[PDB]
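Asks: Read off the chains here:
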Amino acid sequence: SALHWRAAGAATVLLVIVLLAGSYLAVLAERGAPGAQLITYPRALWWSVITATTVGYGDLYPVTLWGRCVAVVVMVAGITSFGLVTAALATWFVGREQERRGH
Amino acid sequence: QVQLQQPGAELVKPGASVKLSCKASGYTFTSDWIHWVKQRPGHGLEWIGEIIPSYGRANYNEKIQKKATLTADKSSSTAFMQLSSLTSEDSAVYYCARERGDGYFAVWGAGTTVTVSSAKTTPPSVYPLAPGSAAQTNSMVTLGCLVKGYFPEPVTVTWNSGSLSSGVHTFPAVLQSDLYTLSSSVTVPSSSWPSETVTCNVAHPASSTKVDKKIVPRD
Amino acid sequence: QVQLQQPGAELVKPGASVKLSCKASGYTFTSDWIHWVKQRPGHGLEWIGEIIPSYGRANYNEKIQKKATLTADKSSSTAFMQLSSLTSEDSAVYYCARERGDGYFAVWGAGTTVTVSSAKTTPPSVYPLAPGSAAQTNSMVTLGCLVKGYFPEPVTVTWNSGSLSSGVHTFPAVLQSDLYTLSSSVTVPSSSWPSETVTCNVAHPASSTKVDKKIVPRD
Amino acid sequence: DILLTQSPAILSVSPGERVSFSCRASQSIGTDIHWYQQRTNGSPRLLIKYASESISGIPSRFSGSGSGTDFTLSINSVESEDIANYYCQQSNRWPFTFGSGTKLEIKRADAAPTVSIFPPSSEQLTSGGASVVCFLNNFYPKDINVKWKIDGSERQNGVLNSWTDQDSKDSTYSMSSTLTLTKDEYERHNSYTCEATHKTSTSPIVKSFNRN
Ligand SMILES: [K+]
Ligand SMILES: [K+]
Ligand SMILES: [K+]
Ligand SMILES: [K+]
Ligand SMILES: [K+]
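Residue numbers (the entry's author numbering), protein chains in the order written: chain C, 22 to 124; chain A, 1 to 219; chain A', 1 to 219; chain B, 1 to 212. A prime marks a further copy of an entry chain.
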């Protein structure tokens with residue numbers, strides 16, 4: 022199995038991990054901050070997804086330094102993962118296009 | 001089984017500190033949070049704080065004077081709350097609770113009644129309460145036991161080691177001269193007594209004492 | 001044509017259950033939702049529930065006691081609402097409606113009047129109402145029919161099989177001795193009668209009976 | 001800090017009747033509300049979670065509803081055992097908060113009290129003491145009065161009364177009346193009587209006994 026496929030495969034795994042970990046850590050970091058809503062795990066996971074995909078609807082978000090730091094890591098991993106998938110696809114199309122040209 | 005075990009009572013002199021516990025059993029997860037709730041007699045529930053055993057962090061109520069300090073022992077699955085420099089104002093029932101990190105208190109401990117007084121602990125004296133030889137009985141007969149001279153609260157009175165629960169009235173304790181006093185009443189078929197025994201179990205957590213007193217007809 | 005057909009009445013004894021229907025015609029889409037609305041005499045409309053035929057899921061009002069259960073038959077395009085363990089409190093008109101999933105009730109059924117009583121069904125007796133031989137007539141003449149001794153509500157009174165609608169007053173039914181009674185009045189040109197016939201059509205859905213009574217001048 | 005307002009603080013309802021408790025948050029909180037039931041001397045117990053979700057072990061009789069700011073806890077056909085205090089609790093914003101609570105009172109039929117008097121036990125008399133207990137059981141309404149008489153003369157000194165909250169078994173109330181005296185004081189008196197004046201009768205209910 023080529024690397025772009027294997028990497029794309031890994032990116033997925035790590036992303037899911039980042040989501041779970043970021044969910045856990047967001048709660049740990051936000052409880053204790055008056056008025057924070059990112060304090061229960063189920064909605065904390067939803068928040069992590071909507072952040073990683075960059076949808077960010079605005080229903081939930083961190084107010085503390087650490088919550089925002091955790092948030093950045095989720096953002097980055099999310100943009101990179103989906104972005105790496107794009108890389109793999111391009112690589113996939115390139116290879117086959119070369120073949121289609123007899124190369 | 002009882003998910004959260006809490007000591008029955010804790011007598012503390014004004015100015016001193018005490019360390020309450022909360023033994024936890026049953027399923028446990030890294031996302032579990034143990035909360036503490038204060039409730040003074042006749043009043044509502046007050047959120048004191050919380051702590052997450054898996055990580056060890058704890059947060060507190062910013063609207064009140066910080067008197068507690070929460071810690072956790074992962075090996076023994078026990079949560080502790082240190083209350084310091086207490087005053088009568090801190091006299092109340094302190095409940096511990098478990099939240100699966102989803103916002104609700106799925107289970108509560110029985111609660112630890114903490115009393116702040118200089119007075120000394122004192123076990124209760126249980127006296128029987130049988131009808132007078134002139135008292136006329138109906139299809140039912142009323143019996144009981146007198147529990148006076150104990151400190152501090154509380155006490156748990158049961159009949160026939162719990163097997164007898166119907167028709168039982170345990171009156172609120174009255175304070176007089178640094179000592180509480182209360183009685184318990186139990187009604188059962190007039191015929192069933194004194195053929196079928198009737199005993200009152202009186203436990204006093206504060207002194208670690210539990211005595212029994214069978215109620216037999218007067219001589 | 002009528003998009004939603006609903007039975008006229010349903011008599012139900014207290015403690016029993018009934019199953020109302022709502023035959024749907026016209027354009028139908030996978031996104032259609034069939035709602036049910038309760039309305040007690042003299043009061044507002046209450047949302048009971050809804051269901052989406054295409055998928056078969058239904059939701060209910062959480063502010064009231066669940067008495068209904070919604071189902072759907074895609075082949076016959078019919079929606080049903082099961083009401084159980086009813087009491088007088090459940091006596092009311094139950095309307096079914098169709099929403100194209102865009103939030104509004106584009107069409108409503110005629111409604112099914114449900115009565116909760118132990119009393120037995122009873123058809124109405126229609127009596128004519130012609131003027132007295134001493135009554136003087138103007139350019140207009142008033143006629144009518146007396147409908148008494150029926151149960152339960154309701155009844156629909158029409159004149160000349162509907163062709164005559166102007167100048168018609170159908171009074172609210174009065175309950176007395178487990179029986180309702182009401183009259184209908186119709187005014188027409190004094191000259192047109194009794195040359196042109198005048199008949200009252202009285203239908204009683206509850207008993208599945210519809211009788212006619214021509215109004216002719218007294219002997 | 002979200003303020004959850006529970007009003008009225010007390011709710012009187014007749015047996016088998018429907019009842020609804022109210023809880024209004026200071027600000028919108030979706031459906032992040034939890035209801036708890038706490039009986040006299042009992043620990044809080046979860047009834048409904050997230051505004052309307054049922055909980056295993058809890059009777060289908062209990063129901064919840066609402067979203068945003070106004071929440072309601074409902075009970076169809078209230079029975080004796082529903083007697084207790086009820087609290088709502090929000091988990092929308094940190095820190096979690098509690099509503100001040102609403103007590104449920106049941107208005108049953110009037111019932112005369114069951115009076116019983118007991119002479120001081122021999123075990124107590126041996127300690128130089130003597131307490132005479134008088135029970136007034138299962139009566140309603142809770143309003144009542146107890147008069148003590150020794151040898152026919154009313155007594156007041158040394159009397160301690162205690163009332164119980166509405167019983168969650170039959171919705172009645174009970175009361176204990178304890179007259180405490182020294183062994184000596186007890187020895188120099190013949191008969192001791194207890195009298196209960198209650199709405200259920202124009203005449204008081206009495207119970208006596210002679211030390212001999
Ligand atoms: K975006
Ligand atoms: K966006
Ligand atoms: K937004
Ligand atoms: K927004
Ligand atoms: K992009």
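Everything labelled a hint here was simulated from the structure, so no lab data went into it.
We put the CB at the ideal spot given by N, CA and C, even for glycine.
Treat the hints loosely; a few may be bogus.
Ranges of calculated distance between the beta carbons of each label pair, as one might list FRET restraints [to be verified]:
#1 B:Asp170 with A:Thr69: 33 to 39 Å
#2 B:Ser56 with A':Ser125: 56 to 62 Å
#3 C:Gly79 with A:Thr78: 39 to 45 Å
#4 A:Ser85 with B:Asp170: 41 to 47 Å
#5 B:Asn161 with A:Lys74: 27 to 33 Å
#6 A':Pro41 with A:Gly162: 50 to 56 Å
#7 C:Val70 with A:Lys74: 28 to 34 Å
Asks: Please test the hint of 41 to 47 Å on the beta carbon pair from A:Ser85 and B:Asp170.
Replies: Cβ of A:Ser85 to Cβ of B:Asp170: about 46 Å, so the range 41 to 47 Å holds.
Asks: CB of C:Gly79 to CB of A:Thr78, is that within 39 to 45 Å?
Replies: Holds: the Cβ-Cβ distance is about 41 Å, inside 39 to 45 Å.
Asks: Honestly, do A':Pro41 and A:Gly162 meet the 50 to 56 Å range at C-beta?
Replies: 55 Å, holds
Asks: With 27 to 33 Å as the target window, see if B:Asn161 and A:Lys74 comply at their CB atoms.
Replies: Given a distance of about 50 Å, which is not inside 27 to 33 Å, the answer is violated.
Asks: When you take the CB atoms of B:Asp170 and A:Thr69, is the distance between them in 33 to 39 Å?
Replies: 45 Å, violated
Asks: Is the hinted range of 56 to 62 Å satisfied by the C-beta distance from B:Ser56 to A':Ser125?
Replies: For B:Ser56 and A':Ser125 the Cβ distance comes to about 57 Å; the hint holds.
Asks: Range first: 28 to 34 Å. Now tell me if the beta carbons of C:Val70 and A:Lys74 are that far apart.
Replies: 30 Å, holds
When held up to the earlier numbered hints, the structure conflicts with 1 and 5 and fits the remainder.
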